[PDB]
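Letter by letter, the chains look like this.
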Amino acid sequence: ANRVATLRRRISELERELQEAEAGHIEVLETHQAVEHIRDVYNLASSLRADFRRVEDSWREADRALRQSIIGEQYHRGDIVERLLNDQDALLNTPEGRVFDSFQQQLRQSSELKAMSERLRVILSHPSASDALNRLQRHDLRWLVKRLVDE
Amino acid sequence: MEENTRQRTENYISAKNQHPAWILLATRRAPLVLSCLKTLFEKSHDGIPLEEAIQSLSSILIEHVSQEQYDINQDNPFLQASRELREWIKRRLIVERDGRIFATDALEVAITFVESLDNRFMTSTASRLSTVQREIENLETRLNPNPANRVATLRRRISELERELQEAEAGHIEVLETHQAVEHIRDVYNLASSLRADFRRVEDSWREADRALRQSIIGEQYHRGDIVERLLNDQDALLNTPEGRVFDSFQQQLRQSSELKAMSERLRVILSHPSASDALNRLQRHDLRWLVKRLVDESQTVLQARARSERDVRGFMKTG
Amino acid sequence: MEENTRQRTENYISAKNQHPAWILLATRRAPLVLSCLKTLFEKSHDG
DNA sequence: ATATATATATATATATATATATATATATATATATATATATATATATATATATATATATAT
DNA sequence: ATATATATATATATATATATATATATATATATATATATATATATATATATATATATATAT
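Residue numbers (the working numbering), protein chains in the order written: chain A, 1 to 151; chain B, 1001 to 1320; chain C, 2001 to 2047.
Hints were generated in silico from the structure; no laboratory data involved.
Check each hint, because a few of them may be wrong.
With a straight-line Cα cutoff of 30 Å, these simulated DSS-like cross-link-like pairs (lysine-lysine) come out [said to hold, decoys possible]:
1. B:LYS1038 <-> B:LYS1293
2. B:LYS1038 <-> B:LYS1090
3. A:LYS146 <-> A:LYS114
4. C:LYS2043 <-> B:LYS1318
5. C:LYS2043 <-> A:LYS114
6. C:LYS2038 <-> A:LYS146
7. B:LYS1261 <-> B:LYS1293
8. C:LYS2043 <-> B:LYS1261
9. B:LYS1261 <-> B:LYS1043
10. A:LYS146 <-> C:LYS2043
11. B:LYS1090 <-> B:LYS1043
12. B:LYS1043 <-> B:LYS1318
13. B:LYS1090 <-> B:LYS1016
14. B:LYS1293 <-> B:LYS1318
Please put together the full structure from these sequences, using the hints given.
Below is the structure:
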């Protein structure tokens, strides 16, 4: 009931915005606020790239721990046969691996990524963006999807 | 210009030799100082009454009696705390104002670095990839003024929402599984807690503008020549473009009390979910619970500071 | 947790001595190293 | 006239030896800087005595 | 009622002790830089062994 009520209020709000738009009450952001919004969206986007280098370290640490445990257990086969029969990856580093895997599941919805890539270029084509972000930042934000997928 | 990189190297050298945050992290006692300062400022809501600060710092020093390697004396923790507070005030990483102590930008940056060393909240997450998607989708609709595009976007989003409503009517709704809820709560805490970051810097910017204005007035042997340009308008003389106007726009959103009323209930409702027990520790739950009031109180303090500075500089262009 | 009040100083003491990032910020040559590395990795994060 | 198995010639690849330059590990010396210790001076707070401003009690 | 003595409110002067502020000098730790020896790596000349290419020669 709460879900349907919230969606019913949201759809009515969108209808009101549509009614205003039909009347011609469009108001785009000035430069003063467009610069701020562009900077904010840049500061959010650039964080997606932050933790790729730590997932690798966590997985390597799990690998070293697993090998040391295997060597230490001089007389136990049950643990290794348990590991091998499991269909899951041997390096279940819960704190980082699972979050990264769920993030990858999102990265593979190419429909959203294409729209995001187009929107990046369109935003960077606006006159205000040249003042909001210097050259290097504009370049970095322009190639975000490519480097995300490559990493 | 490529020489900007060499200029950046010079800037880094200057920051190394002059910035309180980098200065602190290079000393041999930095771990103890940072731990004590964080333990002091962690629980607080708005500054610390100075006397209250002394007692808490002395109690913490007593918690560090076993740490005698840093000269933590048992004879009198009160005197030690009194000495330490002035030691840190002299380093201008904590400041004294209105009978209470605050943490300046340098200490905030240092603590953010230290506590982001190892166990920081993950930013590379599906939740943030949805957040940036939504935000970038929203920004484009407001960057272009074409009416056909706007109406098309609205009349397609209406169809999406209508389909989702029809599906929810059939009962196909679904809630977050425990791990998604944990991740989303962590991401939302990471977003919300960042609003409070820049209050300690707006004040520095306004003080910088005030000092620049006074230096410009005093530096001309004949003040009347320039005072005319300043006093010709009734608006605030602290016209700090870099941060003042951004903060003013942020106020222009804070004063919409309806959003705050909704947020106050929504945050506590979110914290009521069982998964919030695991996603956030007790301290983070406390900080996120009172964040709505904390932002407003901090904004009132900052606005009062600006009012004081503007009034007391207007009392200076006159009589000059 | 409550025991964090005491464990945090040990954690920070270990970090200041072990973590490469905090070691680098403590050396006397840090600014040059940071500027050179930032310039190296400015153009490309792909490796 | 082609396959199929030796034989010979040639080229390639490898091993040995030496010369030259560079990298790494270890040890030591040096310098710098940090932090501390020490010494001195001054500031602040409290206590006690006297002076100035104002009023009341005691003895006859 | 007169005459004497004392007390109350407030400040200033002087002394005592605590504490902070300032400066200097010192010891210490540490970073760092250098030097030495050793090992390692690359290049060139030559000897050695392997492999391939070409041709001869048997059998169909």
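Each hint, compared with the structure:
no.: 1; hint: B:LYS1038 <-> B:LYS1293; result: holds, 21 Å
no.: 2; hint: B:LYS1038 <-> B:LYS1090; result: holds, 18 Å
no.: 3; hint: A:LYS146 <-> A:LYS114; result: holds, 11 Å
no.: 4; hint: C:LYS2043 <-> B:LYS1318; result: violated, 53 Å
no.: 5; hint: C:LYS2043 <-> A:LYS114; result: holds, 24 Å
no.: 6; hint: C:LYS2038 <-> A:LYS146; result: holds, 21 Å
no.: 7; hint: B:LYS1261 <-> B:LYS1293; result: holds, 10 Å
no.: 8; hint: C:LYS2043 <-> B:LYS1261; result: violated, 46 Å
no.: 9; hint: B:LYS1261 <-> B:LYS1043; result: holds, 24 Å
no.: 10; hint: A:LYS146 <-> C:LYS2043; result: holds, 14 Å
no.: 11; hint: B:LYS1090 <-> B:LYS1043; result: holds, 24 Å
no.: 12; hint: B:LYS1043 <-> B:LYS1318; result: violated, 44 Å
no.: 13; hint: B:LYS1090 <-> B:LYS1016; result: holds, 18 Å
no.: 14; hint: B:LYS1293 <-> B:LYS1318; result: violated, 38 Å
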